[PDB]
Amino acid sequence: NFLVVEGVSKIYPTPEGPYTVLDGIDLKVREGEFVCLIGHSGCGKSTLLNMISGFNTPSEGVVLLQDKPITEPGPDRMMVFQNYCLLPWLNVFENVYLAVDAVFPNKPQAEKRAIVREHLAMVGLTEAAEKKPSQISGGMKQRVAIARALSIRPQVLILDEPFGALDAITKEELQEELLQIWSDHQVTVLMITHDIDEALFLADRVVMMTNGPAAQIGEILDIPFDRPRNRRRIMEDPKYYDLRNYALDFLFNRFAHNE
Amino acid sequence: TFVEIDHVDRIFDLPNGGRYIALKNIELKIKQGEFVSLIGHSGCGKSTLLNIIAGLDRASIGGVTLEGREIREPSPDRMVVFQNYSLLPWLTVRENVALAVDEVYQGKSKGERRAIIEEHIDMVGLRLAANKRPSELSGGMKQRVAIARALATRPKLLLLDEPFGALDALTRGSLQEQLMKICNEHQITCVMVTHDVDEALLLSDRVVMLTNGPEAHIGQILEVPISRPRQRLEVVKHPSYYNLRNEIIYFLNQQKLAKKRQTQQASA
Amino acid sequence: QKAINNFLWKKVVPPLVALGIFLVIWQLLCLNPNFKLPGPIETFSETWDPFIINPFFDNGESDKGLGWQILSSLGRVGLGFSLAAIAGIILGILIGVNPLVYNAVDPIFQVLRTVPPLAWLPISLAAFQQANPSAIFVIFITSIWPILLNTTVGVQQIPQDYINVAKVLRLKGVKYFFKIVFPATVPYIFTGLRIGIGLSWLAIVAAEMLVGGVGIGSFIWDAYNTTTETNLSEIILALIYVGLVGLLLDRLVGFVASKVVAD
Amino acid sequence: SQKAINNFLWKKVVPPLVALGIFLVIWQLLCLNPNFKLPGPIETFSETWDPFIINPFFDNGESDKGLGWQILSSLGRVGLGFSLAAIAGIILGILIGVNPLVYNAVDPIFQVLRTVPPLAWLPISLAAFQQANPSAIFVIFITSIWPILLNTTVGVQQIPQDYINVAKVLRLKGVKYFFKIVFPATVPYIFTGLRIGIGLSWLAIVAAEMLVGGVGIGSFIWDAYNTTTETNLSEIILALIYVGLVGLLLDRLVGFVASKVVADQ
Numbered sequence: 019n020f021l022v023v024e025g026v027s028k029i030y031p032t033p034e035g036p037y038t039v040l041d042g043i044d045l046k047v048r049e050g051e052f053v054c055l056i057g058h059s060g061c062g063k064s065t066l067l068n069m070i071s072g073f074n075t076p077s078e079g080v081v082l083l084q085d086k087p088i089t090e091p092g093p094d095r096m097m098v099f100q101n102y103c104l105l106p107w108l109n110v111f112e113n114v115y116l117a118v119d120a121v122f123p124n125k126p127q128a129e130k131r132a133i134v135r136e137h138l139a140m141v142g143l144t145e146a147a148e149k150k151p152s153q154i155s156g157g158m159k160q161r162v163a164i165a166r167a168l169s170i171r172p173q174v175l176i177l178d179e180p181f182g183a184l185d186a187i188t189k190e191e192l193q194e195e196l197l198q199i200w201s202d203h204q205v206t207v208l209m210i211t212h213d214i215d216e217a218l219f220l221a222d223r224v225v226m227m228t229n230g231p232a233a234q235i236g237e238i239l240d241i242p243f244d245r246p247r248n249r250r251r252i253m254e255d256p257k258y259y260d261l262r263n264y265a266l267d268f269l270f271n272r273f274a275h276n277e
Numbered sequence: 003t004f005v006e007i008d009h010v011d012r013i014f015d016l017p018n019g020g021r022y023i024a025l026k027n028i029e030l031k032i033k034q035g036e037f038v039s040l041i042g043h044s045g046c047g048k049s050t051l052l053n054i055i056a057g058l059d060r061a062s063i064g065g066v067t068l069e070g071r072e073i074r075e076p077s078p079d080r081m082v083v084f085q086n087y088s089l090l091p092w093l094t095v096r097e098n099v100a101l102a103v104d105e106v107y108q109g110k111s112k113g114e115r116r117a118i119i120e121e122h123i124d125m126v127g128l129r130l131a132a133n134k135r136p137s138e139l140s141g142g143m144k145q146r147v148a149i150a151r152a153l154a155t156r157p158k159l160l161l162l163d164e165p166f167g168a169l170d171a172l173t174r175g176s177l178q179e180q181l182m183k184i185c186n187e188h189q190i191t192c193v194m195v196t197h198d199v200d201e202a203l204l205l206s207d208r209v210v211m212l213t214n215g216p217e218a219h220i221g222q223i224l225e226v227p228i229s230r231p232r233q234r235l236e237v238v239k240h241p242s243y244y245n246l247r248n249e250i251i252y253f254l255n256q257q258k259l260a261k262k263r264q265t266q267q268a269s270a
Numbered sequence: 015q016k017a018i019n020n021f022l023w024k025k026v027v028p029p030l031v032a033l034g035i036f037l038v039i040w041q042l043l044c045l046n047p048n049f050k051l052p053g054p055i056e057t058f059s060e061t062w063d064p065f066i067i068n069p070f071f072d073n074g075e076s077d078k079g080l081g082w083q084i085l086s087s088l089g090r091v092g093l094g095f096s097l098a099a100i101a102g103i104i105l106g107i108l109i110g111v112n113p114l115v116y117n118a119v120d121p122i123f124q125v126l127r128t129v130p131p132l133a134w135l136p137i138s139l140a141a142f143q144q145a146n147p148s149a150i151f152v153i154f155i156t157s158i159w160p161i162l163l164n165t166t167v168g169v170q171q172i173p174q175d176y177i178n179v180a181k182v183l184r185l186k187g188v189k190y191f192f193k194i195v196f197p198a199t200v201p202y203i204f205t206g207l208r209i210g211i212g213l214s215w216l217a218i219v220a221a222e223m224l225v226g227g228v229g230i231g232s233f234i235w236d237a238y239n240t241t242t243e244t245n246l247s248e249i250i251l252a253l254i255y256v257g258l259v260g261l262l263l264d265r266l267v268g269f270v271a272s273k274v275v276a277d
Numbered sequence: 014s015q016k017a018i019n020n021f022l023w024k025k026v027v028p029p030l031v032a033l034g035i036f037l038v039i040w041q042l043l044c045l046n047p048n049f050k051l052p053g054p055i056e057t058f059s060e061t062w063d064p065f066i067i068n069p070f071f072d073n074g075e076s077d078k079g080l081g082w083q084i085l086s087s088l089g090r091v092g093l094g095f096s097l098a099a100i101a102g103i104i105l106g107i108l109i110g111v112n113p114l115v116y117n118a119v120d121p122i123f124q125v126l127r128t129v130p131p132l133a134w135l136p137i138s139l140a141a142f143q144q145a146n147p148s149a150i151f152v153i154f155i156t157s158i159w160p161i162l163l164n165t166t167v168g169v170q171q172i173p174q175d176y177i178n179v180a181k182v183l184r185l186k187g188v189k190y191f192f193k194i195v196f197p198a199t200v201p202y203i204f205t206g207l208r209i210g211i212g213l214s215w216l217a218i219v220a221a222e223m224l225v226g227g228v229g230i231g232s233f234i235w236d237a238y239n240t241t242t243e244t245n246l247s248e249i250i251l252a253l254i255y256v257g258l259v260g261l262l263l264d265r266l267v268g269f270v271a272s273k274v275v276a277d278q
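Going down the list, the sequences are from chains D, C, A and B.
For what it's worth, the authors' numbering labels the leading residue of the first sequence as 19, then goes sequentially.
For what it's worth, the authors' numbering labels the leading residue of the second sequence as 3, then goes sequentially.
For what it's worth, the authors' numbering labels the leading residue of the third sequence as 15, then goes sequentially.
For what it's worth, the authors' numbering labels the leading residue of the fourth sequence as 14, then goes sequentially.
A few of these clues could be false.
Said to hold, decoys possible - Heads up, simulated PhoX-like pairs for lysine-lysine below, C-alpha to C-alpha not over 20 Å straight-line:
id	chain 1	residue 1	chain 2	residue 2
1	A	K193	A	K273
2	D	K150	B	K273
3	D	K46	D	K86
4	A	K181	C	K158
5	C	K112	A	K189
6	C	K261	D	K189
7	A	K193	C	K112
8	B	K193	B	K273
9	D	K149	B	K193
10	C	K261	C	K26
11	A	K273	C	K134
12	C	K239	D	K257
13	B	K193	D	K130
14	C	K33	C	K158
15	C	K262	D	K189
16	C	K258	D	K189
17	D	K159	D	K149
18	C	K110	A	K189
19	D	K130	B	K189
20	C	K158	C	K183
21	D	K189	D	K159
22	D	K125	B	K189
23	A	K193	C	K134
24	D	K150	B	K193
25	B	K273	D	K149
26	C	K158	C	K31
27	B	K181	B	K193
28	A	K181	A	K193
Since the hints were made in silico from the structure, they are not lab data.
Can you build the whole structure from these sequences, using the hints too?
See below:
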């Protein structure tokens with residue numbers, strides 16, 4: 019097992035009452051597969067990834083990434099944030115160079131100038147290697163954030179909702195920039211995606227969670243589709259119809275009712 | 003016809019001399035009590051076309067013929083819902099709706115108007131956010147109030163420029179069903195703009211698409227054969243639903259290839 | 015109960031100790047023979063009864079404490095700077111609604127803006143030729159552009175969202191004026207009006223050092239020239255009375271601004 | 014392709030010239046009522062044109078030095094002074110804003126010295142150094158240090174919450190973190206702090222050298238006011254324009270420099 023979360027929760031001590039944002043979740047992640055998290059606003063799934071990455075304090079439990087507890091955020095659980103997490107006063111190449119030359123203070127500049135090229139050009143970022151994060155489009159600056167996260171060879175690439183504020187044209191294109199990129203690196207990926215038809219396309223084991231005063235893994239619905247995917251015959255497969263209907267059936271009828 | 007958009011074309015005289023042209027030929031026969039949606043490749047021009055009906059823009063060639071008459075200037079009988087939150091931060095929720103009612107109910111009775119706005123902020127939802135400043139409301143809550151303002155006007159038309167752009171596709175899913183409840187009973191004739199196919203095959207009674215490029219045609223005016231009392235939790239089970247949803251995806255794919263050709267014409 | 019033990023040790027204890035050590039180090043400074051400034055013990059003890067304890071002791075043509083003097087250079091910021099806000103916004107709004115006037119008189123109301131408040135005195139005082147009106151005029155000229163250049167900029171920064179929801183409605187005229195434009199400029203009036211007071215009080219406490227009269231400026235600089243025993247003691251006291259009365263004019267607008275701001 | 018100049022010629026070039034014409038004419042037409050002691054535009058540009066415009070930087074007396082020097086001399090003090098504030102203000106501002114233990118204590122008593130008028134420090138400054146020239150520099154220094162010191166601590170504490178998040182995940186802590194996530198984030202906050210810390214410096218060097226005499230605009234406006242003369246009233250107006258005109262460059266030069274190094278958005 020490349021990761022384990024078992025018997026962990028979190029309670030916020032407040033003067034208005036002890037609030038539990040996460041109730042004894044339990045899951046395992048295999049080496050070399052995606053995992054996606056679903057849930058309405060307040061479902062606590064965003065809180066969950068903050069806990070694994072170390073941004074929070076695991077209470078009444080602890081993660082066991084690679085048989086060891088999570089100590090602090092580091093360059094092995096690099097997490098792609100919301101708001102594009104891009105420094106606006108550094109050009110793209112130096113912005114990526116920030117990560118590479120942050121936990122590798124052992125190799126000379128010779129390797130640093132070349133390692134970035136492999137992990138920056140392979141994601142379709144070579145013409146804009148000197149642009150600043152002021153003219154880059156929103157859907158285009160997420161391709162440097164992903165490049166930064168995978169440039170340090172992370173063990174688990176946690177993804178907060180990356181494409182939560184993008185457009186359909188670019189949103190569809192980005193996924194093809196993850197499967198091929200992830201296939202070469204075979205690095206476990208945990209992602210939060212509110213948009214069904216995106217979990218059903220990328221994820222290998224969708225784990226939707228319930229809403230309310232507490233939270234817990236409602237279902238572990240798994241995708242049996244061929245690992246290679248084209249998004250042209252996936253719809254044409256009848257298995258995808260009832261499969262997606264189950265998600266919508268078990269994401270609006272019960273569990274979460276935001277309204 | 004309740005609306006007779008015909009030969010509505012718009013050409014932009016770019017100062018550099020390019021003279022950009024967007025709309026070439028558009029035909030519509032929007033009837034009474036019919037919901038219509040504009041689905042495009044985000045470059046064909048949908049906000050501009052909607053603006054023509056809204057009146058904020060004037061067609062260079064031809065013109066709209068709403069209810070067998072020409073539209074000259076924006077009117078409060080064609081209230082719209084903009085993409086950016088069109089709320090006034092210095093007025094509370096119950097006061098924002100009062101902004102539009104005063105400009106249509108110019109007279110009547112003030113005592114009556116208080117009841118009208120109260121009932122028009124409940125069916126849409128809320129009922130608790132009333133008297134809450136529109137600066138701490140949820141992102142998806144700042145939009146349902148905007149829809150309340152337009153319906154409170156009691157208009158003959160209700161344009162919806164894509165509102166669900168800043169909303170993740172879980173509050174949007176929770177908000178589309180709300181429109182069903184609203185339009186099941188009241189007389190509504192929306193013309194809404196979106197680029198996500200799920201709502202096109204869900205709220206619309208006759209989805210109209212648009213071809214990408216400076217030659218934006220009417221595409222194919224597809225019709226959705228589903229019973230009016232729609233519900234997302236049963237409509238999806240309709241066998242014809244998924245059949246049509248592929249069709250729109252099929253058409254959009256063709257324009258995606260065409261957009262590459264448009265770039266290839268100048269870039270490659 | 016929730017603030018005496020917890021809130022107390024971040025807002026009243028840290029400053030007092032920080033201020034206490036500042037006074038102590040100041041006390042140590044006067045130990046130097048060549049440090050002309052008297053120590054805090056001298057400046058706070060040898061001038062205790064005349065001024066601090068009993069203000070309002072008029073004893074001559076110009077003999078007052080830090081009272082009838084603070085409320086003599088502050089009364090010129092009420093009589094003045096009140097015509098600079100009433101006649102500073104209406105001209106600030108009349109100019110700006112049409113982006114044609116605010117294209118010709120922008121590089122005039124901006125060059126004059128960066129003119130020191132106290133440089134208007136020689137010509138202002140050479141026209142009125144009186145001590146009181148000439149001082150009020152400097153206030154009326156020093157703080158308009160900080161209001162005019164903010165109200166005008168505020169009007170032109172009306173978001174297109176508010177206009178669009180106004181055009182779609184049949185709203186235009188006086189009705190369009192008190193609901194969509196002016197209330198959207200109040201946030202920018204109080205961020206310039208705040209600059210006004212503070213940049214006007216600056217002018218009336220410095221422009222009063224030259225024209226004489228009654229009020230700080232005729233007290234903070236009327237004893238430095240006349241050297242006497244413990245002369246500097248009553249200058250530092252004014253420098254403390256100033257800077258806190260001038261602090262309860264930037265917070266006052268800040269307090270009022272937060273009560274009417276558009277949020 | 015010369016139409017580019019003509020494109021804005023009638024937009025933001027001509028109307029200002031027309032604005033001056035109306036202002037001068039109304040000013041000129043105002044100089045007809047006997048109860049208007051100031052001079053008309055033609056007087057204040059004909060009486061004072063010969064000695065004060067044709068040949069600036071001209072030296073003929075012990076403390077006149079024409080008008081070109083009295084504007085350069087004043088800028089000298091804002092150069093030698095307010096440069097210590099520039100370097101000794103950010104250094105103290107950064108070292109005090111990064112630590113919330115100290116800022117919570119000192120800031121409440123540094124916001125009082127900020128609002129003290131620039132000319133209220135002159136009696137103490139003039140009575141401390143016991144000299145004229147190195148007292149008009151201190152008044153500048155202790156007046157343009159608070160607009161920078163009290164506006165940098167805001168920058169070092171208002172760093173975007175997301176920037177810090179990029180630090181933690183990268184194990185970027187220490188000297189590297191300060192130079193790579195903190196200092197460049199406060200650069201926009203410093204320049205908006207010494208943009209307002211330079212107007213308050215020129216605003217104080219033109220008024221702090223008219224109570225102590227000396228050489229510089231302020232010791233010339235006041236000098237050329239007490240000596241009543243037919244030409245007296247002209248300098249106080251001609252110089253008043255230079256002070257504004259030069260006060261614009263100082264307040265705009267910061268913007269131009271701050272527009273080429275600032276963290277763009």
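Numbers of the earlier hints that this structure fails to satisfy, in rising order: none
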